[PDB]
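A single protein chain has been omitted; all remaining protein chains appear in their positions.
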Amino acid sequence: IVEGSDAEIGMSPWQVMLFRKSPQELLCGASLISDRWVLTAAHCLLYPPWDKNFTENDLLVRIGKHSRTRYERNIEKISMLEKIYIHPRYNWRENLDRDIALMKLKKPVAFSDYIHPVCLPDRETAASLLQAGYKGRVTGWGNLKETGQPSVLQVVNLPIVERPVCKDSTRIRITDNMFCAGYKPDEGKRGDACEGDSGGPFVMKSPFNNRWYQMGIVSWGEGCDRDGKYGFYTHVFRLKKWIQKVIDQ
Amino acid sequence: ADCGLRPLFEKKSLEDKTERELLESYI
Partner (left out) sequence: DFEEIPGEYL
């Protein structure tokens, strides 16, 4: 996260760290959606241009974390993966269209003050919140700058941007399965997701029922926090039918 | 269920430092 702030304790209890076993390093962000299911970006697990193809045994999910590097004894819970499910129409060749994956945990995670699932939006939640100007929140342990690493989870609040402005900021083809967010150069305010934040959640707090909903997944960008450029997010509601199908089994 | 309600915030009726910024944007 570039131009963000340190998160408060228990501020994002659905925040998951995808952790590589060997070498011991941060793989990606992710989110807790139930006691057994974790949501992330497909590119965190499968990305042939960079020879990325992680299997279940290659990683661990670390839930309830705040500190990036420390082992948070009695706070964080470390879970093993049973199975990874990548969207069958995930487009890694061109624009990361349908950049979504699910991970089933071997055992259910016990909820605590620091571990709690986020909601997934329904059609009405998405129609009412996914509006240009409405702000969401992005969290992660990724880079503090494009060109370094935070000690604790970082947070940034960012406005959803009009689809024509997203389209006009890039030469990449934008699909209906994506949305973009961030401030314009005229807005003065800064902020963006960056490398290592991928797979993390873009959340919004419903003013109707006061619940947090995951509207997006940190997907891609061209650099980090560049003027005239915006962060791109996987549109969670547009891919809910696939999510439901995988979970129903 | 109790999804999206944080034990240290909504469950206690405590607000985090920037959640009002989100609410103010929902015009």
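Letters A and B mark the chains as written, and numbering starts fresh at 1 in each.
Here is the rule we go by: a residue touches a chain if its C-beta (ideal position, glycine included) is under 8 Å from a C-beta of that chain, and two chains touch if they have at least 3 such contacts.
Across the entire complex, contacts from the unshown chain go to A. Which of A:70, A:89 or A:245 touches the hidden chain is settled by the complete complex: it is A:70.
Among A:75, A:78, A:132 or A:144, only A:78 touches the chain left out of the display.
Although one chain is not drawn, its touching partners on chain A can still be listed: residues 21, 24-26, 60, 69-71, 78, 80, 149.
Everything that follows uses one rule, which is that only the chains that are shown with their structure count from here on.
Chain A and chain B have Cα centroids separated by 19 Å. The touching residues of chain B, when paired with chain A in their complex, are 1-10, 16-19, 21-23, 25-27. Those residues of chain A lying in contact with chain B across their complex are 5, 8-11, 13-14, 111-114, 116-120, 129, 133-137, 155, 157, 159, 204-207, 210-213.
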